[PDB]
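Consider the single chain below, provided in structure tokens and representing the form deposited in one PDB entry.
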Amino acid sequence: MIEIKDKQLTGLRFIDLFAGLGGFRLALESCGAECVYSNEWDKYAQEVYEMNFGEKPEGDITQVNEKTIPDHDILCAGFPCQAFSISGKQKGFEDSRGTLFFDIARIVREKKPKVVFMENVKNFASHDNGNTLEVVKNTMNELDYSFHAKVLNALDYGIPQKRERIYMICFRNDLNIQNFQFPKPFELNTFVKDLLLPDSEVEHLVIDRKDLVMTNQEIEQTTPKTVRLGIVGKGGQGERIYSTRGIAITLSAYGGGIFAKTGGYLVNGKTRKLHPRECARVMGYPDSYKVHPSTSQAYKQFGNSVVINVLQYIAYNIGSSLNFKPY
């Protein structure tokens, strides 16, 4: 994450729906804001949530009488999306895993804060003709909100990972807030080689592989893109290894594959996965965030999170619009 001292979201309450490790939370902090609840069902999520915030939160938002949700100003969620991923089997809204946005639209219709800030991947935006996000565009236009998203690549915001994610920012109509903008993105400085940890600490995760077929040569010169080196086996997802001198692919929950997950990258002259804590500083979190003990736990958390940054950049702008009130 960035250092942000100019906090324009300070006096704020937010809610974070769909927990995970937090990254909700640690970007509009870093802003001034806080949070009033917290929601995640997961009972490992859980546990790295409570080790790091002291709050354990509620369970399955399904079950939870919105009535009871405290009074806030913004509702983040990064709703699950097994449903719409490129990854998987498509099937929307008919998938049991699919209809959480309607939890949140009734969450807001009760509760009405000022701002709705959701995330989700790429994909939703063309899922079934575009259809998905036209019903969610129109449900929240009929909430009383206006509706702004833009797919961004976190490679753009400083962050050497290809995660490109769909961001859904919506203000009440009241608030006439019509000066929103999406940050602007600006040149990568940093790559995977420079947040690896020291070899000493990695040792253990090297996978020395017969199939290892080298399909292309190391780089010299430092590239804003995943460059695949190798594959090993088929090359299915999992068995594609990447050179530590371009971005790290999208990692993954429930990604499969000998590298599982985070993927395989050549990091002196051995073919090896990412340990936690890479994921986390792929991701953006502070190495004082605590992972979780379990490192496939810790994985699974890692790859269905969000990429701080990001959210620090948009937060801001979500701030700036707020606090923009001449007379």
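Throughout, rigid core stands for the largest set of C-alpha atoms superposing within 1.5 Å between the two forms. Residue numbers count along the first chain shown, from 1. What changes on going to the form deposited in another entry:
- Looking at CA displacements between these two forms with the core superposed, a shift of 2 Å or more is confined, among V213, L143, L197, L175, to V213.
- Taking the rigid core as fixed, one finds a CA shift for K225 smaller than 2 Å between these two forms.
- With a cut-off of 2 Å and the rigid core superposed, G158 has a Cα displacement that falls short of the cut-off between these two forms.
- Once the rigid core is overlaid between these two forms, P113 does not reach a Cα shift of 2 Å, moving by less than that.
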Contents of the next structure:
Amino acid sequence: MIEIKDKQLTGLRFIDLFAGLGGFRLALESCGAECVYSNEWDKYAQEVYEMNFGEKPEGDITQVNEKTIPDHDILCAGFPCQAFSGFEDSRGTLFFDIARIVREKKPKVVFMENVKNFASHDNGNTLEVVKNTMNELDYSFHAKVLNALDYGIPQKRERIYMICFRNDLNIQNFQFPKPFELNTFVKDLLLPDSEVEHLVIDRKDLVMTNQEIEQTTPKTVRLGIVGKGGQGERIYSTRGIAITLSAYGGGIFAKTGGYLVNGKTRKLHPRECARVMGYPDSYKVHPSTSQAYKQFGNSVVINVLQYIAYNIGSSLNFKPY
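Counterpart to the form deposited in one PDB entry, namely the form deposited in another entry:
There are no partners or other molecules in what follows, just the one chain.
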């Protein structure tokens, strides 16, 4: 997470749909915005959200009538990707819940996030349905795939970010944040060896294929493999960036991938996962290691949302005579 002193979103209200761990909430609050409603489906996610924010998000958004949603300026949603069978063509999906709320509450901004391939899903019309639905609801639609490693977070993680402004506001200067040099690497986020001993996997079929590198580099650096060398069976350098965290991946080093740390090969700790997703150390992670992996592997990258939120605020606040 980064520090933002210029609170571009001060005095604005947002809601956090499909809140998960509350990544959007961390991001928008860091810019001064106020959360007036959150919704999260998963009970274990509601749990950890409650641990960190004091309140439990409302559950199943389908039971919740849009008229009951508090007035708000920004709607956030890192929503599940689903295939559709514009606005009426989005029915049946969780995206429709976003569309029905947008139609009722007409926030100034709709800020959404999804997987990197979202633009390709269903031969391109999952994106086209979302875009057309947003247009029909009288919003512009700006989408760009951004990679975490380009925004200060040492993880290979491309995601699509979609920002929509209500047309009456006439916003013409929204820009995605510009990428910058990576100065933090996996090594910079590690816990002491003692705290992660349980994550060490000693295997006789380990084959180290490359020597540890001498200079940090903003890419994934594979050093070795175990077994057949497939998913969850590869070992990376902490002087590089993290491979993409996965909520549901399998393999010996499932979810995190394996890392060469002080002569040992191990998974990342849930706290290290938090860090490579941009979560602050003040954020309490779920007690279950396996549930924490799933939650972070499914989460948003805080830092990227912060840069975007700041730019959303920048655009909303530029109102010359």
